[PDB]
Amino acid sequence: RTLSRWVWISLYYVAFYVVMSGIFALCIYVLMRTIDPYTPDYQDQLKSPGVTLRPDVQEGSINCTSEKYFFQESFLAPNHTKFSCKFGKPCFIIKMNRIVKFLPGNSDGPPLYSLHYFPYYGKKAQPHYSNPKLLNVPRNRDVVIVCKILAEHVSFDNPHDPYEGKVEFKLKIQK
Amino acid sequence: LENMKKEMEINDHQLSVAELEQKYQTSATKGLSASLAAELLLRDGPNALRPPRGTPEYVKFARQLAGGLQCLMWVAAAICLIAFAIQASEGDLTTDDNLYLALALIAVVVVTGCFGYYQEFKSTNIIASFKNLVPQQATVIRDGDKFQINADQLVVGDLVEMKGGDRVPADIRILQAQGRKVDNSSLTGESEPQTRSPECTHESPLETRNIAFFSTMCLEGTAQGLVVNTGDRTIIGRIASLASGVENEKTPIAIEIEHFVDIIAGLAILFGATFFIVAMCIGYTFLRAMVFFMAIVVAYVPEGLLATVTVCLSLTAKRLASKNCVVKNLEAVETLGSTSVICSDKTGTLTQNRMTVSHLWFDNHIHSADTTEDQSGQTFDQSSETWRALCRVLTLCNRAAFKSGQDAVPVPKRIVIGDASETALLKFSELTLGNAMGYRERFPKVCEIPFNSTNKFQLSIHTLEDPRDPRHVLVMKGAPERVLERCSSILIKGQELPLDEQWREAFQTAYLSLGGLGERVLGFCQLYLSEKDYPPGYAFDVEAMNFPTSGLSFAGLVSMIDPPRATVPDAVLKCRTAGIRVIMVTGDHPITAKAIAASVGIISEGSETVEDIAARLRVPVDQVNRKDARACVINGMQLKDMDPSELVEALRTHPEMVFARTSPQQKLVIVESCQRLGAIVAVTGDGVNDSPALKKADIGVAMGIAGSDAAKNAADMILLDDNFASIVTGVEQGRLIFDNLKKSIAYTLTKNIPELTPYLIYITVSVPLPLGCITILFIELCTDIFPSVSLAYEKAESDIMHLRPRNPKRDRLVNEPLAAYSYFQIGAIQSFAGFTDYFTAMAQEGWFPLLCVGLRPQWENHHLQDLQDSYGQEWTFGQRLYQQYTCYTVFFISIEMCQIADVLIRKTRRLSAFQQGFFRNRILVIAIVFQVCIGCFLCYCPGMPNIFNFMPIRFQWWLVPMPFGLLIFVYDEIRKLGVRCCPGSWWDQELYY
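For the protein sequence lines, the chains are B and A, in the order given.
All letters in the first sequence, in the order written, are residues 32 to 88, 125 to 154, 175 to 194, 209 to 213, 224 to 243, 248 to 290 by the deposited numbering.
Okay, so the second sequence: first residue is 41 according to the deposited numbering, each after it adds one.
No lab work stands behind these hints, which were simulated from the structure alone.
Mixed in with the good hints, there may be bad ones.
[Claimed, not checked] Residues from chain A shown here face chain B by an in silico Cβ test under 7 Å; the list is partial:
hint, residue
1, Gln905
2, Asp906
3, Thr916
4, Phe917
5, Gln923
6, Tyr925
Where is the CB? At the ideal position from N, CA and C, for every residue including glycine.
Just need the whole structure built from these sequences, with the hints factored in.
Right under this line is the structure:
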């Protein structure tokens, strides 16, 4: 509560928060400069790929076969878009979480990936870059299933991200 | 209730003996009838005081739990618990979150509770101090025959008989007394015995000889007297009731805190509802808007605060104990820093409460002895031949003796058996002369005529030590006029001289003068007895004057005075510099009280009361403008008559006041008068007569050794040492902390904003939650704690003693300028520091900030194992969560980095880090290191990922907030500079705490 003097407040913050939204943004736009357009500074978080699925709980392109890894070159803009290879009892679809420059390595229940795709170049490098059934006897009951992936590169975190390289879902098909 | 007790008593001493009975229905000789004693017993009640109605059950523990603050934490815990209960509506994560938070809160109230409740569990006790002395039987006369009865049985009207040694059972009207003397210290604070005779000496009942008061003990002699009053009705009984039955009230610090909690709540509500409404306009039902409002609690309420203030108060109290200043209460640490006026009791407080000697007149000159305990003063005279001769009589014509077995203790300190005047002489001689015993031995006392009532003088005949004479020497002392009547010659220097009319008045002059000092005077003379007339053998007759009593050689005069404690005149001065008013309030007589007042600095040079001026002007007083007198001395007998408005004016009117001859109710009256003004008044006292005032004062201070139990109970603080100077230290311990506390509040509060904003942005921006509930508690409970506490170590930016006491109403502990500073400016810089680290971790991960918006539903969506980052990759639920958790960890760390800056800046309000030296505080530096080290531990230590969801941080992550930290240190430092330069205006007005 003043008389008259709110100026000396209202004009103050004006060019002091101003100065402060201006240094902060200052420090952001600097940080942002020192990062690659094509590749994050740390890959570590994503380190083992997780496995995710469609369910809810081309041409141009190139024709390819089941081979070893296709190296596109470096991750640079000097070449244009790197070329990508082509690709009752529900149907669940599994994919492997894209991770730039990662080469997967390979060269009872109740009743119930090709290398030529990698390494993934990353969105900026490759836009239309496509990443790569339960025919079961029982019916009309919940079934717990876990699908997992194998490799020396792949690891599972049973205590944590149950996702990591694996799924867990409960299907039911009521006919 | 209490108010009537404050008034002085009115009595019946004027009444005749017969008349008193008539009123009583009693027989003077025979006493009440047995039957009639009973009746009156039922009619009236027992002769017993109403047990101390003081008993606050151990249930009082529960008082520390609530407060106002603990409430804020309670309601907050209760809001969390509700929220949880609302989260019962589905399968929720809160098993780690909301229940954990609400329990943390409750637990901080409880713990803080306990802690407080202990540092206080050490004090109280007052009724039990009083009960410490609690009659037994009385001897009464009923039906003409005396018997000893339980003291409660005594009733108004009966005949009571008391002798030397006994305690007066009840208020009594003295009908008959032989050679009876009483001790009335309970009333007056003064021990010397007082006569009791049947005839009424004065108008005041407290003064008259005819009344003997309960709570008093007949010293010697024998008496009888009619019970005027019993139990609660007696003069002291009223005093009793008028005490314990006191409501302690709130302290200023406690008030300041309460006033803090209001502001804080003020904000926590405003925002918390605002976020109900802002969430409504967004896309949030009554389900969601509501959960946010309550959610907004923790961020708002500093859980760590209560604890910090306490450890800060505790830490300071410890320093003071080191000081020989014990503090019974934590809140007591601060109060001292807001004392305007002190009302001090004189005897035993200001003074040592230890008679002594005074001056001397001989050689036709007035000499001044050293009165001090430590005998700091100098030596008036050894030389004079006259001086010895005088010393001789003082040592020889003297009965007194020092009690056995304290050669350890110093002469003025040791107890002597004998009257006061005779002890004074013994101590005097023993100090400047050497052993008295010596002299006694060496001049063996042949015969002496003890100090008679009729003679008014005491003589002795001694064999002279000088071996060549061992003739007889005659030494006497007594009333100065009497000793002069008895003298022909005067030992001036070595030699005798006729006692002409000239000396007769030079003496008459001294006698007058010393007697004006309010000193008691004694005359001294001696005679070298003619050896012809008195043979070696010669027999003296004490019974009849064998030997010569007249035409003796008048040696000299011996006066006396009174002194205080060494430290006291200074301590008084310090206080006055402090801009504190000191007011003497004593039971004692006015001549003495005024003398000490001068001595101590209560009354300053030049000052003058009406009557002094009066007297220098040579003009009658009516004549004297009152306003010309700065100083005043008011007798209790005059204070009785006056209205409380008249009291207020006297108080307004005079800078140096002395209330003397005041009763305990009057001391209380003065204080109340003081407080009415609205000043904060320290009463310092030693006596039971000080109880109501000590009990009244904003802070009562009592002397530890001398102090009566009563004063000790009644008091908040005890000077174990009886070191008055302590009082000065106590006042200097009530200003450095008050400020240092605001720094710790600003420090703690600032981090609140970095905690709040992430949840808000989370709602507004629809981005993944940047900081978690858990992460917050590590800051408030862990990291911010050492640094906050550490602020207490901080020093003065200026000489603190030099500034005036804070106006409690106008300068609050937490004020809008703090909030604006903590929240508006510094906190805000902190928040961005945290947000940046957030963006850096996600960005690095593959989630650029632009993609972040609107994501939380997908991110949160448990179902989607699929979440595609900007690169185009796919992250499972857990995977992206780990990243988020890393964010929570980095944000946590960003605050600690920005908290380093806040720590530094918070160290000073005005001064530049450079001036102060942020450096000297070792405790603070320790806070930065341990603080960091705690963060690193939370990040690095394995298992901390699961237990507190803290993830390891790359080395890079540590730096993100660095530019933020540094800007804070610069931004503040600039600002203060600005504030130093123009004290007058704007920055200081808005920003200065």
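For which of the previously enumerated hints does the structure constitute a violation, in increasing order of number? 6
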